[PDB]
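Work the whole structure out from these sequences, hints included.
Letter by letter, the chains look like this.
There are 4 protein chains.
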Amino acid sequence: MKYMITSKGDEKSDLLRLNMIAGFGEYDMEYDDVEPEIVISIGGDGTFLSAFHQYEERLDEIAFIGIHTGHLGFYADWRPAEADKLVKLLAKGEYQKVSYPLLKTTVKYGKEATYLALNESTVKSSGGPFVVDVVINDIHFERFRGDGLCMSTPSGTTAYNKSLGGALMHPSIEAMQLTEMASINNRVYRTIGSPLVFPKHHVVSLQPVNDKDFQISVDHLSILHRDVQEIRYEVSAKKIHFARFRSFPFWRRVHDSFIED
Amino acid sequence: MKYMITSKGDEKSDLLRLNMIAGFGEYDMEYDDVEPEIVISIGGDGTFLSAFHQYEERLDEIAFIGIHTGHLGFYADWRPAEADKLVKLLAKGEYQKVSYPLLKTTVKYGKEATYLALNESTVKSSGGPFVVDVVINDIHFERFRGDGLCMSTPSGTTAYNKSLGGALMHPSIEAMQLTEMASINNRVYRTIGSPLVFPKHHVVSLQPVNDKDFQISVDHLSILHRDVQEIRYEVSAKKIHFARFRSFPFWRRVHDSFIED
Amino acid sequence: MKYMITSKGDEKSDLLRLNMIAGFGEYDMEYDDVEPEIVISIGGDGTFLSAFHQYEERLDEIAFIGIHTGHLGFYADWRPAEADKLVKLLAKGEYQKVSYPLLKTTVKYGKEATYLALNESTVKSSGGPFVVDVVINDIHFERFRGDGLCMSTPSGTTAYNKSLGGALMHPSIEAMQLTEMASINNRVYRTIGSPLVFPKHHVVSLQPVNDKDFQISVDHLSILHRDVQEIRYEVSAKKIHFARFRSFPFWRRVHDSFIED
Amino acid sequence: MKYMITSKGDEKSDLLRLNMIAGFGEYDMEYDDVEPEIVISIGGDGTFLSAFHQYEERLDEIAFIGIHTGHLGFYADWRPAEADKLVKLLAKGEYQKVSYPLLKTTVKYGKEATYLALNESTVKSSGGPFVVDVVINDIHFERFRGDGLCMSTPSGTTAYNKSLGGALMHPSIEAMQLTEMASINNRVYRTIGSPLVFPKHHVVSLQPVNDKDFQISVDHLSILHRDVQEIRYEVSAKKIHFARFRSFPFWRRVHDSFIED
Ligand SMILES: C#CCCCn1c(C)nc2c(N)ncnc21
Ligand SMILES: C#CCCCn1c(C)nc2c(N)ncnc21
Ligand SMILES: C#CCCCn1c(C)nc2c(N)ncnc21
Ligand SMILES: C#CCCCn1c(C)nc2c(N)ncnc21
Numbered sequence: 003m004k005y006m007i008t009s010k011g012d013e014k015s016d017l018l019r020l021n022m023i024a025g026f027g028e029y030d031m032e033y034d035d036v037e038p039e040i041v042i043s044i045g046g047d048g049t050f051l052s053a054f055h056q057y058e059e060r061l062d063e064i065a066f067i068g069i070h071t072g073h074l075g076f077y078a079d080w081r082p083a084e085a086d087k088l089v090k091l092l093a094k095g096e097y098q099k100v101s102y103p104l105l106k107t108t109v110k111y112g113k114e115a116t117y118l119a120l121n122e123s124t125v126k127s128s129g130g131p132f133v134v135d136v137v138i139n140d141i142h143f144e145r146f147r148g149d150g151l152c153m154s155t156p157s158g159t160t161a162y163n164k165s166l167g168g169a170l171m172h173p174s175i176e177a178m179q180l181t182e183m184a185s186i187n188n189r190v191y192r193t194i195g196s197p198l199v200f201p202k203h204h205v206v207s208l209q210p211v212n213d214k215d216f217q218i219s220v221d222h223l224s225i226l227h228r229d230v231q232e233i234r235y236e237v238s239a240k241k242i243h244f245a246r247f248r249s250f251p252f253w254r255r256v257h258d259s260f261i262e263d
Numbered sequence: 003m004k005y006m007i008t009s010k011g012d013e014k015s016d017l018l019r020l021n022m023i024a025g026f027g028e029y030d031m032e033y034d035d036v037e038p039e040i041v042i043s044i045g046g047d048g049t050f051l052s053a054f055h056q057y058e059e060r061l062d063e064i065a066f067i068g069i070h071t072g073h074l075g076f077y078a079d080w081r082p083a084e085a086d087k088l089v090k091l092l093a094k095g096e097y098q099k100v101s102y103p104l105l106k107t108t109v110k111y112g113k114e115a116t117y118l119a120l121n122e123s124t125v126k127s128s129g130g131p132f133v134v135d136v137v138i139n140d141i142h143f144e145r146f147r148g149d150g151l152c153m154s155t156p157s158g159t160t161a162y163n164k165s166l167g168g169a170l171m172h173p174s175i176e177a178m179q180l181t182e183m184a185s186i187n188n189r190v191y192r193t194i195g196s197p198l199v200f201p202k203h204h205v206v207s208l209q210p211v212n213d214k215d216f217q218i219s220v221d222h223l224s225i226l227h228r229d230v231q232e233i234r235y236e237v238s239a240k241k242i243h244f245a246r247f248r249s250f251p252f253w254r255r256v257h258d259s260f261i262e263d
Numbered sequence: 003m004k005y006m007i008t009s010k011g012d013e014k015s016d017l018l019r020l021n022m023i024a025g026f027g028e029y030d031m032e033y034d035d036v037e038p039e040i041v042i043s044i045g046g047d048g049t050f051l052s053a054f055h056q057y058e059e060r061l062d063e064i065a066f067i068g069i070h071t072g073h074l075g076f077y078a079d080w081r082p083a084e085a086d087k088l089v090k091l092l093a094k095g096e097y098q099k100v101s102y103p104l105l106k107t108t109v110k111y112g113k114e115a116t117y118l119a120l121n122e123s124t125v126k127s128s129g130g131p132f133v134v135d136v137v138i139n140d141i142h143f144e145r146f147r148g149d150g151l152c153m154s155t156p157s158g159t160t161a162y163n164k165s166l167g168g169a170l171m172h173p174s175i176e177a178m179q180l181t182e183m184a185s186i187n188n189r190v191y192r193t194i195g196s197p198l199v200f201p202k203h204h205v206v207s208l209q210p211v212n213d214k215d216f217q218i219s220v221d222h223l224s225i226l227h228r229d230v231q232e233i234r235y236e237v238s239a240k241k242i243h244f245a246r247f248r249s250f251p252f253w254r255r256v257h258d259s260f261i262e263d
Numbered sequence: 003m004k005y006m007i008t009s010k011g012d013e014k015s016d017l018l019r020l021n022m023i024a025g026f027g028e029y030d031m032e033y034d035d036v037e038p039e040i041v042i043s044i045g046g047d048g049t050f051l052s053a054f055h056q057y058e059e060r061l062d063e064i065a066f067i068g069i070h071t072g073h074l075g076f077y078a079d080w081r082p083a084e085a086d087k088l089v090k091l092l093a094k095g096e097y098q099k100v101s102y103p104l105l106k107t108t109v110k111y112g113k114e115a116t117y118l119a120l121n122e123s124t125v126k127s128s129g130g131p132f133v134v135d136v137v138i139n140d141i142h143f144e145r146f147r148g149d150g151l152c153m154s155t156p157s158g159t160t161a162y163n164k165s166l167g168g169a170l171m172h173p174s175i176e177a178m179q180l181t182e183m184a185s186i187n188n189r190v191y192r193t194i195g196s197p198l199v200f201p202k203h204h205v206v207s208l209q210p211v212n213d214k215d216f217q218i219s220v221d222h223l224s225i226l227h228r229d230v231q232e233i234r235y236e237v238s239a240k241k242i243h244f245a246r247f248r249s250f251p252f253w254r255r256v257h258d259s260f261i262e263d
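Chains as they are written, first to last, in the numbering used here: chain Y, 3 to 263; chain L, 3 to 263; chain X, 3 to 263; chain P, 3 to 263.
Bear in mind the hints are in silico, worked out from the structure with no lab data behind them.
Just so you know, not all the hints are guaranteed correct.
Any copy, or any two copies together, can satisfy a pair, since identical chains are not distinguished.
[As the list claims (entries may be wrong)] Below 30 Å or equal to it, Euclidean Cα-Cα: the simulated DSBU-like pairs (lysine-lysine) are:
#1 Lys106 - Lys202
#2 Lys94 - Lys14
#3 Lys106 - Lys94
#4 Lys94 - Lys110
#5 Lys99 - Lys214
#6 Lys4 - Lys99
#7 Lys99 - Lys87
#8 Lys99 - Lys202
And the structure:
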């Protein structure tokens with residue numbers, strides 16, 4: 003089928019990419035970076051994120067693969083020594099696929115932009131103090147005052163969400179998790195503190211109180227949005243599809259990354 | 003139908019119980035504390051827990067109701083001023099039901115005991131240091147050294163789980179959450195730190211390394227178990243059924259309990 | 003003696019300022035905002051901070067006073083209803099003074115700037131990832147990777163330091179406290195996690211590893227510094243002097259601000 | 003002078019103890035475990051704690067030494083390969099001493115017991131819920147509801163205090179640090195959350211509200227106290243004296259124990 007390979011760009015990932023292309027040349031495989039069915043990422047999880055956002059409009063037609071040339075990644079979870087075995091099994095097909103949930107972010111102005119996040123989406127203020135009203139399913143839940151907020155996907159829980167005290171969730175759970183950054187809590191100002199885990203169809207809305215400019219990030223992309231009336235979080239109806247070439251359990255990936263080896 | 007009412011025992015809950023019984027006497031309702039179909043709890047969440055464990059073997063045949071005579075509870079979430087309205091709508095029937103997931107705990111010795119938890123189940127040592135090997139789906143994940151561990155249901159996340167830094171999960175998510183109590187982390191000893199959220203069919207196993215006696219709690223009940231080979235956590239196949247007499251969203255219950263009013 | 007009064011600027015603080023000036027006109031008191039011996043702040047703690055930094059070069063010759071027209075402040079800890087009593091006792095003199103420690107921040111480039119902080123000084127990256135080597139008394143302690151770091155004074159511990167999990171320290175302790183913002187900790191990257199409390203004469207040095215541009219804050223002032231070789235923290239030899247007109251213990255100020263009333 | 007050596011009891015520490023005794027036999031040194039001036043601990047920090055509590059009534063007349071036969075300890079911070087060099091320099095004398103602060107715990111009943119802690123002192127309930135009123139310098143600060151409380155010395159901050167989120171304090175600071183264990187915080191119940199650092203002469207008092215039986219620990223010793231009216235914490239007037247045979251900075255000891263090597 004049609005495939006493409008993206009590379010981190012260093013000497014090591016480029017040479018592995020050229021070898022896989024040559025290995026694919028021995029099969030009924032066509033290189034196409036416009037309408038690929040297999041997207042192979044060689045480098046790290048950041049390389050995988052760029053590959054994901056590069057083709058975030060053909061997600062239902064693409065199975066992703068990650069190869070880590072550095073340390074183990076949660077998306078780039080296959081070693082370079084398995085590149086030849088990957089070429090063989092991807093060419094035969096007959097492989098199984100696994101799907102992870104995604105986060106949908108909607109930004110409304112006074113004009114509405116939607117984004118797809120594989121890891122998380124964060125909101126901070128542009129200079130001044132960050133104060134937003136948190137609305138859960140049209141119910142005002144809290145007035146947050148602090149550095150910012152982070153809404154994470156299940157597979158994104160091991161990234162920025164973990165550094166903010168959030169829980170690690172198995173990516174088979176269709177949910178999103180909201181965590182706080184340095185919240186102010188006193189007699190006057192009150193936040194829940196705890197991370198919040200939301201199922202599908204639950205809508206979390208952030209609404210400004212004074213300043214209406216925010217620095218909004220979606221995975222690696224961070225942009226200053228001006229004159230926004232609402233930031234809207236929801237579990238996406240779209241999923242990212244991975245090609246499953248053997249068993250590498252998520253909890254083992256968590257152990258190998260944070261505990262040992 | 004058949005019903006029963008449990009009371010916290012104070013003058014206030016007993017008098018409300020007698021008034022509801024008399025109110026039920028005006029309908030085709032029979033008081034039966036042996037095979038009830040409606041279990042009404044009057045008092046607090048602790049009163050509701052005892053009602054749950056009192057009938058934990060007829061869960062598929064019982065719809066529970068909680069009335070709080072003190073502060074708002076997450077299970078006793080109806081005010082005493084609505085007792086007359088509750089009697090009317092429970093007698094007519096035609097009410098909808100909602101179901102929350104439960105936690106199954108299995109204790110094995112050298113002889114195996116199973117327990118059902120509505121909030122959480124905790125493990126600590128009996129005197130000496132608490133060290134266990136944490137096994138996730140037959141994969142050794144970590145060697146935990148600390149005060150203990152807590153596995154919580156979704157509706158139990160607002161209880162002891164919250165005090166340990168765990169996330170608040172919407173009870174429509176079929177999952178369990180493991181949190182740590184005062185873990186030792188240094189160059190030699192390593193724990194994940196973060197709370198872990200597990201879906202259905204995932205089995206978390208605790209296995210002793212030296213001392214084989216542990217103080218195991220299930221909701222309010224705490225017992226010393228001796229000569230245990232394994233503690234086994236899993237999302238239960240059973241659910242607790244609530245009678246739904248109006249809309250009181252979980253996130254609103256969280257706001258009313260921790261934020262304001 | 004010579005005095006001056008700074009105001010938050012709202013109608014309420016300005017009118018209280020004019021009344022105290024008129025009240026001071028009934029005593030041997032001279033208004034002088036160039037070489038004052040008494041600096042009275044009317045507004046909030048932010049108003050007090052600006053008054054402090056306005057006269058941070060005559061600290062050994064000034065006794066500060068804070069009056070809060072809004073909620074209770076840790077520096078503006080006197081109510082407006084006591085303004086007349088403050089005028090009387092400040093004019094007589096004979097009042098006792100109390101001193102709080104300060105934080106000295108030194109920034110070195112490739113050209114060296116020193117700053118005095120009453121609350122805290124923070125360091126973050128300008129866009130890219132924030133990675134610094136933490137050096138304690140010329141000993142390399144850790145390579146920090148995360149959002150940033152915060153070094154707080156004792157009286158500053160109740161401000162941003164508290165939101166980052168730092169401890170509240172009694173301001174009679176001559177020390178500084180370093181806290182982390184969203185640190186990355188895995189098998190490869192290691193931070194201490196815990197807040198660190200340093201005595202006098204201890205020097206904490208932050209040294210860049212790649213990017214040499216950082217957003218450095220000192221209390222309310224936040225500036226982008228380019229081409230910095232070292233950020234250097236130390237407990238200042240200077241102290242801020244408060245005029246003590248009655249007993250308002252720090253721990254009571256903490257209780258009134260975070261617990262109740 | 004007079005000396006004694008305590009051993010962890012394993013084959014390795016006993017043989018090192020016999021070799022140091024024989025090495026001391028080549029000098030004007032007398033073994034005396036009743037009135038020693040030098041107390042050498044061989045094993046771990048737990049071995050050092052027992053040596054400290056064994057002679058906690060001759061603290062002003064004893065210089066302590068710790069040798070770790072296992073991993074590095076914060077009190078047993080000298081390797082076995084330096085035992086011969088330690089014998090030489092302890093026999094000559096002329097060594098410098100360093101002193102660490104200690105924690106004084108007073109327990110009052112309806113009859114008053116005082117204890118000296120090198121690491122920390124903790125309070126928990128005996129079975130039932132743990133609720134105490136926290137009184138700081140005769141001012142009611144908070145009503146604590148949770149698992150328990152921990153008051154730590156500066157050198158004890160790297161032990162249980164660290165596992166509870168407390169800050170690491172340099173042991174030259176004469177202070178104590180109070181940390182919370184799993185506190186309940188909601189609309190009804192309020193705790194400060196943050197760790198609290200107290201200077202000398204500050205008295206922290208714990209007073210019961212209902213149950214008057216508590217499990218009180220002092221370092222390794224844990225005892226059930228019944229019918230207690232007050233638990234009283236204060237920085238001790240006594241200090242523990244270490245013999246200083248070279249420079250091993252506390253922050254380096256922290257790095258070697260938690261960061262690397
Ligand atoms: C650059 C950088 C730091 C984050 C790396 N990273 C990414 C891009 N995704 C993940 C993930 N799912 N889990 C852990 N780590 C991750
Ligand atoms: C007694 C006592 C303290 C816990 C009260 N409590 C119970 C029994 N369940 C819950 C719950 N689901 N959420 C919050 N709080 C709860
Ligand atoms: C604006 C704003 C938020 C911080 C207010 N604030 C200041 C300026 N100092 C302190 C302080 N020492 N303790 C608590 N809060 C403080
Ligand atoms: C047994 C056991 C666990 C604690 C060991 N330990 C002791 C006895 N003191 C300390 C200390 N000052 N810093 C770190 N760790 C310590």
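My question is about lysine 94 and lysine 14: at a cut-off of 30 Å on alpha-carbon distance, are they close within one copy, between copies, both, or neither?
within (26 Å within a copy, 60 Å between copies)
Homo-oligomer pair classification [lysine 94, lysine 106; C-alpha up to 30 Å]:
For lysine 106 and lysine 94, neither the intra-copy (34 Å) nor the inter-copy (43 Å) Cα distance is at most 30 Å.
Treating 30 Å as the Cα threshold, decide for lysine 99 and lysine 87: within, between, both or neither.
within (17 Å within a copy, 52 Å between copies)
How do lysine 99 and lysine 202 come out at 30 Å by Cα distance, when the copy is not named: within, between, both, or neither?
both (22 Å within a copy, 20 Å between copies)
At most 30 Å between alpha carbons: which applies to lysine 99 and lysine 214, within, between, both or neither?
neither (42 Å within a copy, 42 Å between copies)
One pair to classify: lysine 106 and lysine 202, alpha carbons no more than 30 Å apart. Within, between, both, or neither?
Answer is both; intra-copy 11 Å and inter-copy 25 Å each pass.
Homomeric proximity label, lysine 94 with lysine 110: Cα distance no greater than 30 Å:
neither (46 Å within a copy, 46 Å between copies)
I want to check one pair: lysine 4 and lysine 99. Are their C-alpha atoms no more than 30 Å apart within a copy, between two copies, both, or neither?
within (17 Å within a copy, 50 Å between copies)
The earlier numbered hints that this structure contradicts are 3, 4, 5.
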